[PDB]
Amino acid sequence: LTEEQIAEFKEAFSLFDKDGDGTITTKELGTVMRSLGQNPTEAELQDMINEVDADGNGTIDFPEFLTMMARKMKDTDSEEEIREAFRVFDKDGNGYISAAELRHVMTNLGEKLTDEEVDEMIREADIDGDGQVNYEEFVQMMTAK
């Protein structure tokens, strides 16, 4: 377990833990999911929490979040659901993630970064050189380190 992996868990946790109190509530979970275009009910959010709420206090703490990531990621992402994620980034749905669209989802999520950092990410994934990220490029980027 590296400090960078820990830093990554922390970053992810803090995208949900908006008030920084060390627990993720239904309110906070819902906030993230709404920003990504979904509309779960309060009861549905509670059911999500209950799956990993090992201490039974009704909210997600750091290790319970790690468990959620352990399970609910590397399920076995199929074609269709990878396309769903792409669609989140391709805001206008023209088939090409622009730097501006990438910036927008990241900001909506709660990430804070300069247009410089966004451009860097784009250029990293832009295999064919048009300054944008298409579906194939997006899929390929996720296989790299």
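Rigid core (definition): largest C-alpha set, two forms, superposition within 1.5 Å. Numbering follows the first chain given and starts at 1. Compared with the form deposited in another entry:
- Between the two rigid parts, the smaller one rotates 23° against the larger between the two forms, as C-alpha superposition shows.
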The other form holds:
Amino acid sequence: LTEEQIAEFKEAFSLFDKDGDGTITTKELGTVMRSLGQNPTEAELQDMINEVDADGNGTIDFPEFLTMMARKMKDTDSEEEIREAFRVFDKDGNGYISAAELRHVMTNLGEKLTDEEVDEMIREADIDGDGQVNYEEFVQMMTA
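Based on the form deposited in one PDB entry presented above, generate the structure block for the form deposited in another entry.
The text that comes after this line covers the one chain and nothing more.
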């Protein structure tokens, strides 16, 4: 790990952990998933948590959250899950995620960000330098 990978991962954790109590619950997981256009059942939420629930307390703490990261880094999400994620961001469907589109998704996740901060995330993911994120750039981002 790097210092900035840890900081990246802690912020990712704090968006699932809505009440900042240190554990992600099925209710918090369900709330995030609905804000990203998904609709898991209560049992699917339990299945997701149980796949990385090391100590069997039914919630996900930061270490378990990291281990999930390293897992989907080894075996990536399926193509269709990555395609679905892209569609969540690319709301006009034109093939490119803009800063405005990234901003709209962050507002649904309850993430406060300046405009420059949104622009920074776009620039980091952009490869060809057109200032937008196409599917290929998105796939590369999501697969480590």
